[PDB]
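Shown here is a partial selection of chains from the complex, left in place.
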Amino acid sequence: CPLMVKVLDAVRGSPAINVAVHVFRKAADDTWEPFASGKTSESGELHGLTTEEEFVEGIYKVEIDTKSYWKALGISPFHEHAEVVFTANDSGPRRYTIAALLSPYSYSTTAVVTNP
Amino acid sequence: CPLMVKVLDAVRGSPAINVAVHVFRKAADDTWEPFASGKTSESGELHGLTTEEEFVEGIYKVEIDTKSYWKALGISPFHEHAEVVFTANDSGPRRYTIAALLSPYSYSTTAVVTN
């Protein structure tokens, strides 16, 4: 699988478990088409979103449902979600890890891109 | 003005100058309606986007044009833009600063909400 998402909780010093993630791909008409979705495991990782065949060139949006995460923990956070928007596979297939580090009023996101 | 945006460059250790910033408000039909826009100053700041009267409760999106920033510096970046989506909440008097710290393959964003 060429797309993985990893989420950490900066309050607890732990993986962020059970975080919902929705991936979209920009369609020819400029709308965001649902592409794939899942939730993070006990390790804070989400594997198996897509395949080499399916993950073609395009502009992708990874929406990490941070508010739903903090609210399921009984906490009122600032952001609705974290949105990570990027062009993928434009120089041929790559493997993408999208990492996010969450706090109630702040987040960071990093991409690790490797060539198989 | 209840909304300020501040952008920093983690590669050069500087304000991120002349970055385009677009603010949108979510409409009743779930589309994003243009609300305010500008370019960051020499201090990396964008002041004067809105007023207390106009900045009512609702869901807002701040889009920071990071890709153009990096390309103007001759650097290849990962993201198309950085997006910050939040609800404005009246809960007594409030000022919102949306801060962003930019690297080519990473960004951080923080909200500083004060009275």
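The chains carry the letters A and B, assigned in the order they are written, with residues numbered from 1 in each.
Just so we're on the same page, a contact is a pair of C-beta atoms (placed from the backbone, for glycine too) under 8 Å apart; a residue touches a chain by one contact, two chains touch by 3 or more.
Counting every copy of the one repeated chain, the full complex in this structure comes to 4, with 2 of them shown.
Definition applied: only the chains that are shown with their structure count from here on.
Every residue of chain A that touches chain B in the complex is listed here, in rising order: 59, 78-81, 83-87, 105-113.
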